[PDB]
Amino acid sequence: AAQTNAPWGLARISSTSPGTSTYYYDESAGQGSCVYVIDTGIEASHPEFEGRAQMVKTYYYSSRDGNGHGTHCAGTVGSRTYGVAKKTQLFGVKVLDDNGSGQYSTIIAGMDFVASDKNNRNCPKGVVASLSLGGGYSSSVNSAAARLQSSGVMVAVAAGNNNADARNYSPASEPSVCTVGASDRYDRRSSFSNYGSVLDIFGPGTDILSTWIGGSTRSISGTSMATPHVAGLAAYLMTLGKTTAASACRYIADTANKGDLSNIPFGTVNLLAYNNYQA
């Protein structure tokens, strides 16, 4: 299948070179996989989700996304027009309030929730979690991410938007998960993206168009935007049977576009997520 006039980041992960505008993908489109979006929530009634999204847990007074971040990033995972894996099932877990903030104790509880809730869901091709959040280093937050990964969930996390070494941020600095940096449409590291030896992969992160609350759309930038491209790609590749939750991050790094990015400091991987699609 091919989506013409696609958002640049979708086209970028289906191409060996920048500057294309078609997103090529296998029709299976992540069907049978499930992706938890752990964020501000999901506006599940947005037409772009086609009924494939639902809120399963909130830690505040409502389940509604009053912010937009969670709806945006879920749309990059699996909305019809803006998503990588267009037939996946999306579950929302609201660990951030409508101002986009959350306590570490709540974030940890949300990850432990996913590790157990997945056992109650029908996800025959596997389970992914997308965490576009982060803050200062916390061994307790890292441990919670490691637990989620160990339980059988492919965990993708943002490297952070500080233009610094990701070793000082959590859960980015936890080695056992998939830590995602951000790139722009000209194959430069996004000027805000963290770096360091703990990064596993880069994905598109500058000027990412996706769903927004109020049934709308908008374009925003961050490593928070890059992470759902990798989460969607993992769900897409697990549905195809090419990899599992335990090895998906390694498989994506193995099959990435290598050496394409500019302004990558020595010691950081030069790997850009790529779906290797051949019609």
Second form
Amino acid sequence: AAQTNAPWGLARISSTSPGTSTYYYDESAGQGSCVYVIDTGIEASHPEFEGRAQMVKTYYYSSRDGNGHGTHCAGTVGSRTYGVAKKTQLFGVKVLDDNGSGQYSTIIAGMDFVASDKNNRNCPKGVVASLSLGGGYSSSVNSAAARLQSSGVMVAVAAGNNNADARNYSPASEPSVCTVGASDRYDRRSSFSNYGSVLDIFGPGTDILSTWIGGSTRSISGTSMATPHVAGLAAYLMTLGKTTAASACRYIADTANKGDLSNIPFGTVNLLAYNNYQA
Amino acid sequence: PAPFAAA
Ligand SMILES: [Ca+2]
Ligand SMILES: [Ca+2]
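Condition change, the form solved without its partner chain to the form solved in complex with its partner chain:
Next comes the full complex, this chain leading.
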């Protein structure tokens, strides 16, 4: 399948080269997979989700995304226009309040929630969790992410936006999950992207168009935007049977575009998420 | 404490 005039990041994920504008992908499109977006919520009524999104948990007075961040990330995973995996099932877990913040205790509870809740959902092609969030190093947060991964969920987490080594941030620094840095449309490391040995992969993160609340769209930047590209890619590849939740991060790194990025510090992987789709 | 903002 071909989506013309796609957001640059979608085109990038299906290309060996920067500078193209069509997203190419197998029409299976993540059908039969599930992606949990652990964030500020998801505006499930957005036409872009086509009934494939739903809120399943909140820790606040409402399950509504009153921020937009979670809706944007969910859109990059799985919206019809802005998403990588256009037929996946999206589940929202609102661990972040409408100011975009959450206590680590709440974030941990949300991760453990997903590890259990997947057993309540129909995800025959597998389960992914996208965590466009984080703060300073916490062994408890990292352990929660490790448990979620161990439970059979492909966990993708943001590296962070500190232009610093991700070793000092969580859940970015948990080795066993898929830690995602950000790039721009010219294949530069995004200016704010964290780096370091713990990064597994980069995805598009600067100037990413996706869904927003009030049935709208906008372009924003962050490792929060890169992460759902990788989560959606994992779901897509799992539907194709190319990999599993346990192995998808490694598979994505194995099959990435290698050496394309600039300003990658010595010791950080130079790997850009790529679907290797050949029509 | 938190994610990477409202964005
Ligand atoms: Ca090229
Ligand atoms: Ca890792």
